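The primary structure of each chain is shown beneath.
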Amino acid sequence: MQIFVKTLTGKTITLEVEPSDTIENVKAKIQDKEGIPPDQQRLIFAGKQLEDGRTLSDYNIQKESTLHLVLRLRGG
Amino acid sequence: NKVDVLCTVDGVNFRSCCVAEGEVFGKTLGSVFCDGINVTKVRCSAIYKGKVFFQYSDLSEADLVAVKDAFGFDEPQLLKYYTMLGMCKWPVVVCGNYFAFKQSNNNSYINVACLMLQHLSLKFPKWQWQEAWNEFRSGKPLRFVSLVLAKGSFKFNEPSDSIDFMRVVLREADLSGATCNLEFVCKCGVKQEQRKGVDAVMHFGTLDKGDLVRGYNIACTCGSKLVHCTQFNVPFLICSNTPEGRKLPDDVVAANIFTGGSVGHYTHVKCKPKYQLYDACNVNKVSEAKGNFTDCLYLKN
Ligand SMILES: [Zn+2]
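From first to last, the protein sequence lines stand for chains F and E.
Quick note, the first sequence lines up with residues 1 to 76 if you use UniProt numbering.
Quick note, the second sequence lines up with residues 1609 to 1909 if you use UniProt numbering.
No lab work stands behind these hints: they were computed from the structure.
Be aware that a few hints might be false.
To be verified - Chain F residues, not near chain E, derived (Cβ > 12 angstroms throughout): (1) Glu18; (2) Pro19; (3) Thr22; (4) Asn25; (5) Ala28; (6) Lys29; (7) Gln31; (8) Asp32; (9) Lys33; (10) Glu34; (11) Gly35; (12) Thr55; (13) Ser57.
Said to hold, decoys possible - Straight-line alpha carbon distances no greater than 27 angstroms define the calculated DSSO-like cross-link-like pairs of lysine-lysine that follow: (14) F/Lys6 <-> E/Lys1855; (15) F/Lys48 <-> E/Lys1804; (16) F/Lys29 <-> F/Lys63.
All residues carry an ideal CB built from backbone N, CA and C; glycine is no exception.
All chains, full assembly: derive it from the sequences and hints.
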């Protein structure tokens, strides 16, 4: 199935995934499309942060859902 | 000729253990902390009589279960905890009703996360987290900080995200009673959801609680989707967003400010009295709240 990821640059990414994919899986796929290291990625669904170990099905992410991708801040 | 001490792996159950005077503790006890210090290579003296030694080498299956129960750690996390405990010796400064850390080892994200958490009433089911939190509230935060750094993916001396520190903490707290009712409206249709726990008290995508109350639009395949909270039932709410130099929303209790680009620096403002601006351990009264805000705390009552 397809899901969409909206980025901070404005670009919308199209991912091919299965409901059994984990958020870690999704982040790896995002790295492949965009080159962003998974450890820098924060994924959000309608305001809720998505945890690495859970699956799309766990979050009721269905076909053609749109996630939001932001980068973790680095403040020292 | 032997000093009597207490050995534990979890701070819940202890066994009497004896060490010969003059002998290095590690010889008999393995790797050990006592009063937050690694004493593995310290020679046993009577000053340590009756004190508590936390062991973390050669953990049995039963010890690992006790550590999971009291810390929520597996063995690598426990070792990371004691490494962090040994390294994070940052001075703490009291500023009226609050404390803050001197600038050190890129700890600004911890400083402002801790300044925001000092407003919260939290309880922790796991014994070590509750005890470290009590010390935190008393102005001795380093044990609590070390738990968080070990529980998360944080690397010592690396700049990081204050929201990740707060989220690691809130996932350990008992937020059983916290819920919010959300409604979503777009051309796709209308759906409801009740968020619970950490998902009820943290929201990402706006700083303004009023956006949730009124509804605000996010991207959707149909164009845009309205997100609307129809009922709040939370003791507090943290609204977070990409850093933005907007006006501080109404009713905010405290806010985190992120200044810079790829790598930046956190500051923190409190709104009673309006305003107190914290930067490391400095606090100054200012007449306006400005900067690129990234987290805003709302409190009930
Ligand atoms: Zn829609």
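Okay, the hints, checked on the actual structure:
1. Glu18: 19 angstroms, holds
2. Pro19: F/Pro19 clear of chain E: closest Cβ-Cβ about 17 angstroms, beyond 12 angstroms.
3. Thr22: 16 angstroms, holds
4. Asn25: Non-interface label stands for F/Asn25: nearest chain E Cβ at 18 angstroms, farther than 12 angstroms.
5. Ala28: 16 angstroms, holds
6. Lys29: Fine: 18 angstroms to the nearest Cβ keeps F/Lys29 off the interface.
7. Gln31: 16 angstroms, holds
8. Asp32: 21 angstroms, holds
9. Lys33: 17 angstroms, holds
10. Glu34: 16 angstroms, holds
11. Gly35: 15 angstroms, holds
12. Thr55: 16 angstroms, holds
13. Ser57: The claim holds: F/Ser57 sits with its nearest Cβ about 15 angstroms from chain E, beyond 12 angstroms.
14. F/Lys6 <-> E/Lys1855: 25 angstroms, holds
15. F/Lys48 <-> E/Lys1804: Cα-Cα ~11 angstroms, so holds.
16. F/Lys29 <-> F/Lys63: 17 angstroms, holds
Hint violations for this structure: none, all hints satisfied.
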